[PDB]
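Produce the complete structure using the sequences and hints provided.
Below, each chain spelled out in residue letters.
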Amino acid sequence: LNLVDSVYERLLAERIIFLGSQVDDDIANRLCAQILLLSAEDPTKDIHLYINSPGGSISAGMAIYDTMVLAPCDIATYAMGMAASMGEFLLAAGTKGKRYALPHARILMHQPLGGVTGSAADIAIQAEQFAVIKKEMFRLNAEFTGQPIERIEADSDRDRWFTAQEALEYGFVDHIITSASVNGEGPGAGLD
Amino acid sequence: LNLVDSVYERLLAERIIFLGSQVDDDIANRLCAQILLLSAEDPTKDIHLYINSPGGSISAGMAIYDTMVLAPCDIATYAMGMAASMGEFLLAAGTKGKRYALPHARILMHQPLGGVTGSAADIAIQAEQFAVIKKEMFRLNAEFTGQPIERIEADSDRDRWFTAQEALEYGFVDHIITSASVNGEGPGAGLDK
Amino acid sequence: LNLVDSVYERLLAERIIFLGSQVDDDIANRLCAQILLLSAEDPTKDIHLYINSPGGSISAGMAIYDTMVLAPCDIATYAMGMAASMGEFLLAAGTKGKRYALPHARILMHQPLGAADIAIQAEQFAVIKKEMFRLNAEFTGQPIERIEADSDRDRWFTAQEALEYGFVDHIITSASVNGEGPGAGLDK
Amino acid sequence: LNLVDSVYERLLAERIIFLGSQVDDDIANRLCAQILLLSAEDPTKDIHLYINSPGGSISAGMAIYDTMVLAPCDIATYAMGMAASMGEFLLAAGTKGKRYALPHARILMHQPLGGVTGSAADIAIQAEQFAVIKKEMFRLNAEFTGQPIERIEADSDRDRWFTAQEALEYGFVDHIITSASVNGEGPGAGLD
Amino acid sequence: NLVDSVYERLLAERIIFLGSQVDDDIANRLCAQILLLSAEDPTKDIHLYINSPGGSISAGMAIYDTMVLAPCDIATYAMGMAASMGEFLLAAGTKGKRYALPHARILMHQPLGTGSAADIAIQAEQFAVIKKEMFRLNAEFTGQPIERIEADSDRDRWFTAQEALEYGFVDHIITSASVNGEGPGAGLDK
Amino acid sequence: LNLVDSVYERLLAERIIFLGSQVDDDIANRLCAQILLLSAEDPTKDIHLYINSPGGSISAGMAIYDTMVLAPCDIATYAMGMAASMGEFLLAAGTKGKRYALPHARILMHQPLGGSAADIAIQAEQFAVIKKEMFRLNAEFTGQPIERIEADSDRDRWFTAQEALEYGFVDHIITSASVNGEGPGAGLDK
Amino acid sequence: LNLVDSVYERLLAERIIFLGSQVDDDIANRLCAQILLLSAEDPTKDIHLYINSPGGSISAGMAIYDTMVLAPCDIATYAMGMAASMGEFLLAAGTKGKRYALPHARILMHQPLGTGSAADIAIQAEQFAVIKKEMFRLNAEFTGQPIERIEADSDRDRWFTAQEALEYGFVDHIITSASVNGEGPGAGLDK
Amino acid sequence: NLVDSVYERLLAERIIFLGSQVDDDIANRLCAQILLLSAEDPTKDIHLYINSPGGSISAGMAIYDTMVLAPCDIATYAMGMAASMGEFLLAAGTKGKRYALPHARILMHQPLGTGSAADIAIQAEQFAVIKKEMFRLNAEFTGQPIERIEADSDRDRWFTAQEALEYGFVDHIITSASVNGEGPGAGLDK
Amino acid sequence: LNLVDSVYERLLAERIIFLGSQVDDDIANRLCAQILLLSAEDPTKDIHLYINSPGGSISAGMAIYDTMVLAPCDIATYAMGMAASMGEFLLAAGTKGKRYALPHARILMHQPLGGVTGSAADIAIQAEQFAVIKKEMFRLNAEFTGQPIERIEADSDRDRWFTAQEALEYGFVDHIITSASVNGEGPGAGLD
Amino acid sequence: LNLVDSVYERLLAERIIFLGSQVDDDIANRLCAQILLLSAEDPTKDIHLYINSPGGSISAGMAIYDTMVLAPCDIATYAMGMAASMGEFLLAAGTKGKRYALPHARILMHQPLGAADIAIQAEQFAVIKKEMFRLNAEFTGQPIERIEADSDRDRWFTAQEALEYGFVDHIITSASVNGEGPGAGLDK
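Chains as they are written, first to last, in the numbering used here: chain A, -7 to 184; chain B, 23 to 215; chain C, 79 to 266; chain D, -7 to 184; chain E, 12 to 201; chain F, 29 to 218; chain G, -10 to 180; chain H, 12 to 201; chain I, -7 to 184; chain J, 79 to 266.
Bear in mind the hints are in silico, worked out from the structure with no lab data behind them. Be careful, since some hints might not be right.
Here are the simulated DSSO-like pairs of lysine-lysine, each with C-alpha atoms no more than 30 Å apart in a straight line [to be verified]:
(1) J/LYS266 to J/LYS208
(2) I/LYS90 to I/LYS37
(3) J/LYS266 to I/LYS37
(4) J/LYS266 to I/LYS88
(5) C/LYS208 to D/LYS37
(6) G/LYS180 to G/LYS121
(7) F/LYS124 to G/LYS180
(8) B/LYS215 to B/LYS118
(9) I/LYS37 to J/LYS123
(10) F/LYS73 to G/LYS121
(11) B/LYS157 to B/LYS118
(12) H/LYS201 to G/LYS85
(13) B/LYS156 to F/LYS160
(14) E/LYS201 to E/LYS108
(15) H/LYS142 to G/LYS34
(16) E/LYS108 to E/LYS55
(17) C/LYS176 to C/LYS266
(18) D/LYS90 to D/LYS37
(19) B/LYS118 to B/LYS67
(20) H/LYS108 to H/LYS143
(21) G/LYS34 to G/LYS85
(22) A/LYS37 to C/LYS123
(23) J/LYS208 to I/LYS37
(24) C/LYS266 to A/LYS90
(25) D/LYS37 to C/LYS266
(26) A/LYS126 to G/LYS121
(27) G/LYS34 to H/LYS143
(28) G/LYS122 to G/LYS85
(29) D/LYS90 to D/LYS127
(30) A/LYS88 to B/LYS215
Facing chain G, a subset of chain H residues (Cβ under 10 Å, in silico) [said to hold, decoys possible]:
(31) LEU13
(32) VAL14
(33) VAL17
(34) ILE26
Using N, Cα and C, we set each Cβ at its ideal position, and we do this for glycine too.
So this is what it looks like as structure tokens:
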């Protein structure tokens, strides 16, 4: 009912979801809940996920990713400003053909933190989980982009970043979107 | 009526409940209330319990569990990110045949805090309660999974953890859900109503 | 749901939105969300962006700008009090012909100062700073080196000087309601 | 809404606006927004701006003033208790003929803060702006009251203040209002 | 919250409550409520209940001017304490409609003297002028000579309800609200 | 040093130490340190432990007790105001013959109800062991049977100075310190 | 100095140092500094380390241990109240023959689980595995127990009374009262 | 306090302690101590004990320049962890006088990049220059090729004491300080 | 005194002063006081001012500079890590011949805050002062380095920075010092 | 007993005291106490008051001034950085012939704004404000109406302008140690 929350709620009614912050457990729960709600309201219409996020934990990002896949809806993704670390991952995880960058977007590859510190197991068990989910993240990024997994890993290690044009050529997105199409003849970006 | 609470309330109308935090007395009260509410609203329709929880006390988790059993309707459970300690327990406690993990969910076994320290009784009485409920936690986890109770105990002792496939194999869930089915040909995950 | 937020929400129903403070990530998220919402509600009706802002982060301002371009509808801009630095940029980014200054508005040009190391952040800052210069040159019709030099010395403008330099298309004094002047979002 | 805000919102339905604190950037935004909203709802009916304000920055007051002029409807102003500094200015800026003082209101002239230090610009650039808007504030106060600009500047320098009757003679307001009229005899004060 | 909800519902009965010290925030809140009630119906009385330990002259004078601005009569009720500017606003109610409850206490007082950016000298000039108006208006409300108002105020003279009736602050003591028709309804008989 | 600490430090020079608050781990560390320090400085001179303590944990109290035993010198104890729970235990643990109560001191028996990285089961095992040993030692200090100690502790039995003397917590009541070598010097005759 | 600090500094002059809290990086720095200082002041006189500690990190404990070995002086250790986790380890690491428990001391074994590193959790885990194994090895060496017994007992948080701790090998003797005349251990109080 | 008092007394033994993360405040503190010890006696060694998890390049380079400015030799001792700039300062000790304790760990690392009022571009230019100098000096300290320093640093390569000796960070492992005369005295033999 | 302050006081006994933080009014007072104290103790011996400072206000730096000149003894300066803005200025203001940079010191030119907003005077009056002291700061930097005033102002405008060797060539310091000399061969750095 | 306070105390032994901040009741108490102490220690030796102050309360400054006059010894004053408002007043109140400005010092004239009611406080403020004007006229030799008018517009001075107007007697550049120039408190 405050202004910002009221606007997000009305955007939800247009099937538009915002990832505008660091990906942590709280944000994952919040985004996961919205994807589930939109799916329940209409499982046949696209969800539009706009991303301006400086990064996030692997664990929290993977929960959002699994919910994107769980949703029977297509999920279009839009690099609105920054898409770094798991923000890059979730952008690239959009339904193929419906992944977009705005022209001044910036995509950052990065080894994020695991987010596996929340439970009271020793560091060895946390490191085990981290190794497995990091390798899975590399593998999925390779599938999203079409790049060899060795390319993904080396670029992640050196924190390679991408302009919108470079991200398009690497394969994180399918198009750079400049202005939304409303009369047909191109992407509507959820603006009908 | 803030945005987060508003979305949770609208999910409640779909009979979807979220366990998104460490399980303590306040979260147990919260979850118990939602299960009772949904049962009272319609005792014939499934409840869908989504779990992304890093752990919790035995005492608090046992109150949720008893309320899950009290509810006349089935409770489907979904490992959405992490189901650790009593979060694993409550996931495995779902209606058999309706326990699910998403493909990258993780399940972690753990010997948790008892949650018995809030009493006005001495530590000897608190320890007596702890020993009883810890043993019963192991026994129930063995019944949920089909594992021998001695394996439950040893694996909990060493903080054994599972990928979603491994958790299905061990017995915590019945199925891995990749995409929800809107077609009847499979689990709807509460999204087809 | 306090009074201030209630008034902003009711203004949203008139397709009026406010950039009333320093541009940062929170403000950018809020403003982008409002632009997307107004676009989705009716992609054929103008959005009216009122600006009274002392500046802010290039990165946040650029994200607002890209959302302005994404929107299918025209975005009219109004310099209400101050339009400084990224506030100037977004004023000048309005749909050409629909950029306005109120009579005592002031426009100020400025070069803002800027998980991966400082080198990566500096590289990203360099591209968006260069883009801000290039686009400011395009909005105003001024040579890019004039934008750079004027920005470097914090050159500022009255409404009439801002009109002559090319940040805005017209000065509005009062709104036209019967429909042959700018209605400033107030004639519906 | 709490009680205070609910009463203000109900007064908004009567086209009554309250300026009850110092004029800073936040208050200017809130005031500008209410003026725009009331204009959009009905551009043919007066707005009634009640003023009990101890002062404010020139820059914030000028933003409010330009929005008062932008409004196609008239803005009646009422000095309810204190109208000091930019509070006096906004009182005097009401639609001529519709500027009122309650019998015990006090009007105070003052040369205030510019409110121009929020920018990242050099203090030389801030002072340039301050000199321009200060001079324009004097010129407009002279236009509002009918006093020569030299008298405005001298009286502001010495923080000259006025009772309601003295404010009427000097030219800040057009009438002292004692009780609102219920049948077109005198001013209704927005309570019609 | 509950408190605000009860006050809002009392507003629908044209009852407003001054239950605290009179400062600028309270002045704004009460002024706003009087204007709102006047706009909603300028022909119906407003009922102003007072339990206030005092407040600033400037803030109390803004309320007083709003009471006089309102076209409605304003009945006033001393509900527990009416001290300093609370006494002033009580005695400022529509004559014939000023009431004290049987155990109410009315206290006279001279408040001591600052939100302007002008020097202390200009602030003291204002205080002197409003202080003298306050005395003059208290004299007119009560029928007492201004010299008696000033002398009694400086010594913090206080009054029981019957003493306040005799002095001239209120017109009646109200023990129980009359739904009879025989007597004041205190706003409780709609 | 501030004033309070300077006075305690100067009292340390007279071999006088204070248990003036609840016995927790921090207090046990400070008292243990003071007992070690005095012992090292002169293992042949008495330490004078003044007690005005409302209680404390068994574990912290037992660490102090063990350090009192470790000390080669006698530890005289003085119930200065209250000696409750582990404060009673430590009073009663003073060198036999050198345990004193001031005339209006009060001694209270009590069962604490009970930190580690181990689970509550291991904590309760340790607690059961130290609780039983505390009852056993209280019996030896006082000469009372263990079952009386346990039952009196369970009901929070308390004692005046004279009652405490008779039960066995202290050996003498001290009213005024002796300067002339007559009786106990209370550490004040150096 | 305040009272507490003043008493600790004066104990330092008697070559007595006090481990009365959880072992973390700050405590390790404080204790390492005191050991170096006493060693510099007189490398021929014992240091007496009194321990009432509920646990601590392996990394912090091992830094203290290496400084204990670096010191040319013998380091006598005393279990004063609790000696748990790395507090047990430091007790058992005292100079052999000069490790002591007071009669009501409790000794608890524990695997301390789990980072101020700039390196990722994988590198931190590699380090932890190395120091954990070395901690088990040394504790086996201090006590005479086989490493597998040390590991299994640590895993189940086995605890010991003073008498059980003596029999297991953590300490060499139980002290009741300090001897000032040479008939037994002086506990650093006989100077 | 006690901690500061022990450090001050160690200063009288020409022993300084880097026990935390290297930031500007730590740089100022350590630089000041090296200058003070140099002024007090420019012919006697300084003993720098290191237990540090890392720190900023700029702050570590200021310390390094002060170590080189000092006319005294500076012996360095890896006491628990020497990571990132802590490794750098360890390896920067006077050659032949760099020591690791047997369970010390040495970690290589590239710190990421801001106190100036200049833009991020000028701050990144500075970081690039100091980062390259850090690699070059690590190569000279260790005898390793600069390419190996950069490659090992980016993967956070870490070392046991024996591995660090072989790689070239330190000259000796010290197990026990020698007051013999046969071996290093670690500053403990004055 | 805590440890840090005790070491600084002992360095004061060696006539060594530390400027290790931003130059504000408090730091200027502390620095001025130490310079006056060392002058009074022995006006014939050098003071050694070690500098590791990220910047500061013009007004505060000018107070320190005037006190450096007031001191009858010489003030040697040493760039220990960073000497930025008024930190560069005070470094360059050392007694000519006795200005030193350590090999990895960095010198940064910058046009800083005036520090003239503490007064109760009008912003116009503050800007007048700022213009005068800024111009004098450029003129003195030109005098210290031997560079023309136009180059000082242009380089300050672009935040030009310098390695120790570049700072030596430009004129901020007279020598790079690597190790202090113990026998009158080279500079003793106050460690003599 | 931190470093900063240790240095000030040691300066006190050179009879040097600092007015380095805004003048308020706390600063006035501290400065009066130092003047009384230095006077009691040796009433024949100069006190050296260094001033770097942006102004403050008339009442607190006047109490410092009265203590300056009470002191039997001369008080030399030094404008070290800023001497504004009551800082200017106390600079100009120094023993005539022993008032000094450092070369880049700035002097600013200013009219500060101001248990008993506001009327009593305003009356007290009026007398000390009038006294500040009268004494400033006496210190400088300027007409009282010039002090008032110049104070009213925040007139400010460089060191040389301050010397010409009469706030100080000399500009000191560097201290004279062998004894035929001002020693600034540094020659003992």
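Outcome of the hint check:
no.	hint	in the structure
1	J/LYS266 to J/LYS208	violated (39 Å)
2	I/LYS90 to I/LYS37	holds (13 Å)
3	J/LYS266 to I/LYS37	holds (15 Å)
4	J/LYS266 to I/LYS88	holds (27 Å)
5	C/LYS208 to D/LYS37	violated (48 Å)
6	G/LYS180 to G/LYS121	violated (38 Å)
7	F/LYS124 to G/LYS180	holds (26 Å)
8	B/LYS215 to B/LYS118	holds (21 Å)
9	I/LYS37 to J/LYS123	holds (25 Å)
10	F/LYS73 to G/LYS121	violated (47 Å)
11	B/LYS157 to B/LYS118	holds (22 Å)
12	H/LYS201 to G/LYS85	holds (27 Å)
13	B/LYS156 to F/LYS160	holds (26 Å)
14	E/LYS201 to E/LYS108	holds (17 Å)
15	H/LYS142 to G/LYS34	violated (47 Å)
16	E/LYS108 to E/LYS55	holds (13 Å)
17	C/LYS176 to C/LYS266	holds (17 Å)
18	D/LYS90 to D/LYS37	holds (13 Å)
19	B/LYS118 to B/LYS67	holds (16 Å)
20	H/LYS108 to H/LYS143	holds (25 Å)
21	G/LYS34 to G/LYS85	holds (16 Å)
22	A/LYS37 to C/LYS123	holds (25 Å)
23	J/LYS208 to I/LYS37	violated (48 Å)
24	C/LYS266 to A/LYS90	violated (36 Å)
25	D/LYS37 to C/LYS266	holds (15 Å)
26	A/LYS126 to G/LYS121	holds (25 Å)
27	G/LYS34 to H/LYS143	violated (48 Å)
28	G/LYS122 to G/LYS85	holds (22 Å)
29	D/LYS90 to D/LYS127	holds (25 Å)
30	A/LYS88 to B/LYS215	holds (27 Å)
31	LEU13	holds (4 Å)
32	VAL14	holds (6 Å)
33	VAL17	holds (5 Å)
34	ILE26	holds (6 Å)
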